[PDB]
Amino acid sequence: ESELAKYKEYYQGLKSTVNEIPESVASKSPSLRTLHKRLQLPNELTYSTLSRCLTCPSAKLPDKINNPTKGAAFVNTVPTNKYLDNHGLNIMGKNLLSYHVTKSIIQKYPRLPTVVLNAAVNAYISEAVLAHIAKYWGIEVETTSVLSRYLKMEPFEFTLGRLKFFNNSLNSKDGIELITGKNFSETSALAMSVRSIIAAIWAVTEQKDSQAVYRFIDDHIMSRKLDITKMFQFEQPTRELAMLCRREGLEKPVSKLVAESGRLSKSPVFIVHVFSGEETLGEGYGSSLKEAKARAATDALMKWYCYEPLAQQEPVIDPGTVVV
Amino acid sequence: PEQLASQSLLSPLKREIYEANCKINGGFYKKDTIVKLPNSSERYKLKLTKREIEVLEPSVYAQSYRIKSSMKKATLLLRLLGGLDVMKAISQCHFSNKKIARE
Amino acid sequence: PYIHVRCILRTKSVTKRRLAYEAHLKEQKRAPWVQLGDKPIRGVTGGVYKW
Amino acid sequence: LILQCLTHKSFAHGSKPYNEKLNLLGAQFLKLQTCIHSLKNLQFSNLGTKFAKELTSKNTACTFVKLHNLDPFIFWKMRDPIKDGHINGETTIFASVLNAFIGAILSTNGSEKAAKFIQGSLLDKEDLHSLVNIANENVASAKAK
Amino acid sequence: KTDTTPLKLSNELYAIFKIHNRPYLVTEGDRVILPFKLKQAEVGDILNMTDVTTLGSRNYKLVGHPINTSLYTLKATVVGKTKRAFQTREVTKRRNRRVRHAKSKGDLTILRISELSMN
Amino acid sequence: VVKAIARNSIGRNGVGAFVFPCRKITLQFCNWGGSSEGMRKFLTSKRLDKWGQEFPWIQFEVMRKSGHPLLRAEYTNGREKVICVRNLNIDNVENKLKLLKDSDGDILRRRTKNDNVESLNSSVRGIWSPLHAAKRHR
Amino acid sequence: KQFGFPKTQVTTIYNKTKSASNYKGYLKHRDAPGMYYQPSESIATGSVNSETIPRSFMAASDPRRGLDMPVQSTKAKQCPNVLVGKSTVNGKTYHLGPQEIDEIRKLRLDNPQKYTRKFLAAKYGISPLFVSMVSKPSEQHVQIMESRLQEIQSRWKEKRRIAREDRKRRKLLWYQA
RNA sequence: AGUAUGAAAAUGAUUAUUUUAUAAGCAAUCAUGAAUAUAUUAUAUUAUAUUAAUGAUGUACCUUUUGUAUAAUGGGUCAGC
RNA sequence: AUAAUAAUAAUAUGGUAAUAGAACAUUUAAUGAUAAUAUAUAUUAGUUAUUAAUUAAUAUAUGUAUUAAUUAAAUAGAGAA
Ligand SMILES: [Mg+2]
Ligand SMILES: [Mg+2]
Ligand SMILES: [Mg+2]
Ligand SMILES: [Mg+2]
Ligand SMILES: [Mg+2]
Ligand SMILES: [Mg+2]
Ligand SMILES: [Mg+2]
Ligand SMILES: [Mg+2]
Ligand SMILES: [Mg+2]
Ligand SMILES: [Mg+2]
Ligand SMILES: [Mg+2]
Ligand SMILES: [Mg+2]
Ligand SMILES: [Mg+2]
Ligand SMILES: [Mg+2]
Ligand SMILES: [Mg+2]
Ligand SMILES: [Mg+2]
Numbered sequence: 001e002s003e004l005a006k007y008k009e010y011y012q013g014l015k016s017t018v019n020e021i022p023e024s025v026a027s028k029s030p031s032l033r034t035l036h037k038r039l040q041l042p043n044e045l046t047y048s049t050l051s052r053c054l055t056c057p058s059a060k061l062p063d064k065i066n067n068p069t070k071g072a073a074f075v076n077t078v079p080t081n082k083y084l085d086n087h088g089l090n091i092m093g094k095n096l097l098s099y100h101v102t103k104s105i106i107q108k109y110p111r112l113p114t115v116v117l118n119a120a121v122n123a124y125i126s127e128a129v130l131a132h133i134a135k136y137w138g139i140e141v142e143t144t145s146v147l148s149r150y151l152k153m154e155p156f157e158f159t160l161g162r163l164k165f166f167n168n169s170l171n172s173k174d175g176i177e178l179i180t181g182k183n184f185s186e187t188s189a190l191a192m193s194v195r196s197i198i199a200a201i202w203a204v205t206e207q208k209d210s211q212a213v214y215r216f217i218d219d220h221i222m223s224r225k226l227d228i229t230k231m232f233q234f235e236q237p238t239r240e241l242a243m244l245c246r247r248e249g250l251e252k253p254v255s256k257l258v259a260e261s262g263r264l265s266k267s268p269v270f271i272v273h274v275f276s277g278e279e280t281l282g283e284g285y286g287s288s289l290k291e292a293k294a295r296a297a298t299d300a301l302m303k304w305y306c307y308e309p310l311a312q313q314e315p316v317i318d319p320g321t322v323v324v
Numbered sequence: 001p002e003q004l005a006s007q008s009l010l011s012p013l014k015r016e017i018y019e020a021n022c023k024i025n026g027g028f029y030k031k032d033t034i035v036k037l038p039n040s041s042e043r044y045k046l047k048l049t050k051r052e053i054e055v056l057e058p059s060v061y062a063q064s065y066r067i068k069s070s071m072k073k074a075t076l077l078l079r080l081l082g083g084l085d086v087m088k089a090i091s092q093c094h095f096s097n098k099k100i101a102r103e
Numbered sequence: 001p002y003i004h005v006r007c008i009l010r011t012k013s014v015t016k017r018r019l020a021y022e023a024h025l026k027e028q029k030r031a032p033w034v035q036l037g038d039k040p041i042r043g044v045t046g047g048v049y050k051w
Numbered sequence: 001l002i003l004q005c006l007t008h009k010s011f012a013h014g015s016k017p018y019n020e021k022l023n024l025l026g027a028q029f030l031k032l033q034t035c036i037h038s039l040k041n042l043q044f045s046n047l048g049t050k051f052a053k054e055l056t057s058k059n060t061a062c063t064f065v066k067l068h069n070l071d072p073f074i075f076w077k078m079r080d081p082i083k084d085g086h087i088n089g090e091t092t093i094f095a096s097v098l099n100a101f102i103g104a105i106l107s108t109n110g111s112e113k114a115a116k117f118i119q120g121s122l123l124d125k126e127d128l129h130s131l132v133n134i135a136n137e138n139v140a141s142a143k144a145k
Numbered sequence: 001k002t003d004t005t006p007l008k009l010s011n012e013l014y015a016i017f018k019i020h021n022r023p024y025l026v027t028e029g030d031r032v033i034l035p036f037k038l039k040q041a042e043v044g045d046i047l048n049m050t051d052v053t054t055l056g057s058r059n060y061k062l063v064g065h066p067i068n069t070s071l072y073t074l075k076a077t078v079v080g081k082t083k084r085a086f087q088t089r090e091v092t093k094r095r096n097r098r099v100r101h102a103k104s105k106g107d108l109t110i111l112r113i114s115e116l117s118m119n
Numbered sequence: 001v002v003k004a005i006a007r008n009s010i011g012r013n014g015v016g017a018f019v020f021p022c023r024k025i026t027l028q029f030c031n032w033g034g035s036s037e038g039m040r041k042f043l044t045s046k047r048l049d050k051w052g053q054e055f056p057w058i059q060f061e062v063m064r065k066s067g068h069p070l071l072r073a074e075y076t077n078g079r080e081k082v083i084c085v086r087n088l089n090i091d092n093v094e095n096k097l098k099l100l101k102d103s104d105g106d107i108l109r110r111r112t113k114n115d116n117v118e119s120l121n122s123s124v125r126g127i128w129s130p131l132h133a134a135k136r137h138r
Numbered sequence: 001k002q003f004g005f006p007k008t009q010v011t012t013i014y015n016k017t018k019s020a021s022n023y024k025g026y027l028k029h030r031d032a033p034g035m036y037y038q039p040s041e042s043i044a045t046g047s048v049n050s051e052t053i054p055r056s057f058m059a060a061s062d063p064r065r066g067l068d069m070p071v072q073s074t075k076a077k078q079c080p081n082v083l084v085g086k087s088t089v090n091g092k093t094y095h096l097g098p099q100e101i102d103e104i105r106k107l108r109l110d111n112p113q114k115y116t117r118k119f120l121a122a123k124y125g126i127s128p129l130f131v132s133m134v135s136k137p138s139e140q141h142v143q144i145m146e147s148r149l150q151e152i153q154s155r156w157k158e159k160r161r162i163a164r165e166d167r168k169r170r171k172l173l174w175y176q177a
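Residue numbers (the working numbering), protein chains in the order written: chain A, 1 to 324; chain B, 1 to 103; chain C, 1 to 51; chain D, 1 to 145; chain E, 1 to 119; chain F, 1 to 138; chain G, 1 to 177.
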């Protein structure tokens, strides 16, 4: 009685259960149920759908399997079904996250420049942040071999609750770390898992409640801290401020000395104000007149760009970035 | 065998990666440089600890025999031969007044 | 007393150049001196505004 | 706001209002609407088709706006005043204008009304000037070539 | 008769509130560390602060002993219960060989200010 | 002109949704050794079922290994706490289990006096500036 | 004037001059219940607080606009100008025409040494910035003066080089705000 | 005074990180900046470890005595007994 | 009518000479699975209210415990001669 036949049966069964992802088997996965309750997923999101989110489009193995001596071994995953992977869910999650985050940031800061808006959107939904969110949620990657799972006779309900994709065993062993595409990166897989979860939440909830994918996104993404002031870097804010005042109906900005102490010293203090007529548009401090002037101009620009409107206000649409 | 640390302590592939990294980087390792292996299309990014960096660079280890002296006597000259070039240190030992200098 | 003297010799074309590179990187990493620098306000907050 | 949507950044050196944020927001909203349209017309397998890509591609919007004859009301700077306007990057300008309309609708009237508008006159099958029709023409041309 | 529009119309707000008379000054999202073990509230539960002393913006402030609950909303979420680092001290006298070891590992409760706003 | 400095947002558990810090607990016992009697009889004393029902967001594992009995709790932040429950009874094992459940996995730390609020937010009232102050000095 | 709250300042039961930082006094202070106005004793150089946004930078719809928060404590009459441009002191002028602009260009390309930016500015009653705007020097001239900069830099010592890099980083930190 | 092994301490030289040439006492504790190192959830405005900026507090240990920092007894250090 | 754990109210918890309870480390004898995916020892970093054990990584030796636990006993714990 050969053990190779038993291993063949185990491998075929694992492949079949990953191809079909039946609910009868997926609902016994402690990882999936614990994750479901932890994230408060809707009660009508099936454990099979959650496992579908976890699984990735790993259909055909690469040719670099043939060369483990060259620094790459893939002996952890089984081929998936082209119609039961998470590609479309990943795309849908990308779309939803991009739209919602961009809309939220804009409505919070109507006047953000495009570059800063893009930077903030990345700060919120980048690949690294999504991977961190996945690992924080508990999404854990399958690293053991199918043969090892056979040897210790592991049920497939445990594998169905683990992130699955072509991951390189031997990745950083001995400090080699052969480079690969994003199809063999754990970070990208984790981000795909998060986006697929978002997409599944929407897919199941849109009909009854158009919202609640957006509420999930506000709960788990837009709740994250981000100081928008730390995303700016100006060059010639004096010129930019003059152009902004000219574009608007404001009187030309003139910088003036409001206070001074410690002149003729290592570290003096000068307080300057950029007046537009009688109205102070920016307040700057510095150890030099030039420093104070620059700081006042930058302060005025930031007040302008980062102005946040009340939620009860009529929507504000900016005239575009100040172009000089 | 008479060979350097990089040649004695590394597997062949790791040796090729390290040598290529040093060649691209000017003669010494750097943290993050995707290296291209010759006559092959695969690229790598070696990762090492500072102990590995220090031990893999070329160096030669010399030991003396049983010398009749004291540590306090040897230090007087070994503190002069601190980081000098070997040729300069040899000249200093040639023209020193101390018995330890010959050895 | 009997002693022994041991030596490790290295190369100016690898070790010293690498050390110079590292020193250069540390120099570039060194933070600038700001006259009115954002020196942290040391001490616990106390649970009240002092300004 | 309509004029801001119909004025491009290249006009008057950006001194007067222009449409970049509206363009981006409308592009994202329209991409999401087209993705859900592909889903509905359930099956997560039609999200990477050439038809899906062309449904948002810039050329589609440029042709849409040309047939809808909104061109003369658009403010922008012709690179070379006297020469075929194709070389002057008019596809990008008019795609930006259409996306700006989408974004302005979304910001001022709301997501529900914007979705109704985009699923109505736009993105229709029985209009003969809709993005869907333009996409079928483009995919047919690609197949022919 | 307590006008609060200046605090209503403000993108940033801070609150000084007291637990067992100990005051804490917090803003939306801050992380409070009570130096004791809360047995009334389990992890994941939400506390409605009902002893708020001050509600402030950059230039205006409302003071109450306590402030009326209807005016504001301050909710915290208990995130964990943990302990301080273990320490041991040797209590002993000048010419005594005997040393008594006094061991200390206190309890802490972590709170996250989930929502702070004026109603 | 304006450029952007790339940044990444900082998570704030509890501001929106709350994710329970404890994700998984592992109860390791031995079939041989008096140090594991408490764990064995806890495992067979109809209590782990109540724990599972009460905390459906925690994954409970039961394992056998030669050695002293262990409780292995892994948390969201990536850290892990191991407690050896050798020669403890049902109630003391339960107390250790409650301790592991009821805690974030952060490294135990020593705090100064009145160091009880940690903030990522800037000050609503900016820092005191001697030039901008209600009362000028002398 | 819109709000008639009593005005108060951060008070300490102790002596503020000698015990500015002792937190117990602030803790033990007791104000009467009610609203108060206490201005922030800080500079608004890096703030985006609604209470610090200027009125002209807010939407007209903003209710916060009518309210008089960003107090105009200072008056522009008494504050002297800082690093102000000559045109800003006495406004800009638009008086040169194409022919003299072209001849300015010819002089600049002919003899940049003799016809410097300041010389042309004095001759034509314009600013050196305008001279640079309209004209352009010779490639040989820019090359030789770049070489001069290179020589001056090369003659530096270690400390001055580090100090100049420090100046560059500090100046970059000015604009981050 | 068997054999083999032996990153056990005292002890010596050298290297690395950090502090140190206007500062004074059991050499340590607390408070608090700064440099460096490690970290496969540092998402960071992160954590930990090492280190004589600076501040406060602090009269080695046993024995024997009414009573000892005591300039009263005993101890160069470590390993084994 | 007990035992364990937990909860509330109240009282008490400095200590030389001295008295009275309890426990831990080491070794030996009786009973005693398991096993290189393990055991023992050492270093670093974490956990348990911590003279003790434990988890991870690394290094050496070993197909391996007088092992976990209960008893019985000590050449059973050293900065003090
Ligand atoms: Mg003592
Ligand atoms: Mg005494
Ligand atoms: Mg005093
Ligand atoms: Mg000094
Ligand atoms: Mg001295
Ligand atoms: Mg006497
Ligand atoms: Mg005395
Ligand atoms: Mg003396
Ligand atoms: Mg003495
Ligand atoms: Mg003596
Ligand atoms: Mg007592
Ligand atoms: Mg007492
Ligand atoms: Mg003895
Ligand atoms: Mg001893
Ligand atoms: Mg002792
Ligand atoms: Mg002795």
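In short, the hints are calculated from the structure, not lab data. Any given hint could turn out to be false.
Stated by the list, open to error - Calculated cross-link-like contacts (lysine-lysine; reagent style BS3-like; alpha-carbon spacing at most 27 Å): (1) E:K37 x F:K81; (2) B:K30 x C:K50; (3) A:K37 x A:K64; (4) A:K8 x A:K103; (5) E:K83 x F:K98; (6) F:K101 x A:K28; (7) A:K82 x A:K15; (8) A:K252 x G:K18; (9) G:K28 x G:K18; (10) D:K16 x F:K3; (11) A:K108 x E:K83; (12) A:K182 x D:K77; (13) A:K82 x D:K66; (14) C:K16 x B:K30; (15) E:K105 x E:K93; (16) D:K66 x A:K60; (17) A:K225 x A:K103; (18) D:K53 x D:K16; (19) A:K70 x B:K88; (20) G:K92 x G:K7; (21) E:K83 x E:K105.
Quick rundown of the hints versus the structure:
1. E:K37 x F:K81: holds (20 Å)
2. B:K30 x C:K50: violated (50 Å)
3. A:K37 x A:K64: violated (39 Å)
4. A:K8 x A:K103: With Cα atoms ~52 Å apart, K8 (chain A) and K103 (chain A) exceed 27 Å; violated.
5. E:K83 x F:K98: holds (14 Å)
6. F:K101 x A:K28: At roughly 23 Å apart (the allowed maximum being 27 Å), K28 (chain A) and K101 (chain F) satisfy the hint.
7. A:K82 x A:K15: Roughly 13 Å separates the two Cα atoms, so the pair holds.
8. A:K252 x G:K18: violated (45 Å)
9. G:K28 x G:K18: Measuring from Cα to Cα gives roughly 17 Å; hence the hint holds.
10. D:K16 x F:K3: holds (22 Å)
11. A:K108 x E:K83: violated (39 Å)
12. A:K182 x D:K77: Distance of about 41 Å is beyond 27 Å: violated.
13. A:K82 x D:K66: violated (40 Å)
14. C:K16 x B:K30: OK: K16 (chain C) and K30 (chain B) at ~14 Å, within 27 Å.
15. E:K105 x E:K93: holds (24 Å)
16. D:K66 x A:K60: violated (45 Å)
17. A:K225 x A:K103: OK: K225 (chain A) and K103 (chain A) at ~17 Å, within 27 Å.
18. D:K53 x D:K16: Roughly 33 Å between the alpha carbons, so the hint for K53 (chain D) and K16 (chain D) is violated.
19. A:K70 x B:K88: Since the Cα atoms of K70 (chain A) and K88 (chain B) sit roughly 46 Å apart, the hinted pair is violated (cutoff 27 Å).
20. G:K92 x G:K7: Roughly 45 Å separates the two Cα atoms, so the pair is violated.
21. E:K83 x E:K105: The given pair, whose Cα atoms are some 6 Å apart, holds under the 27 Å limit.
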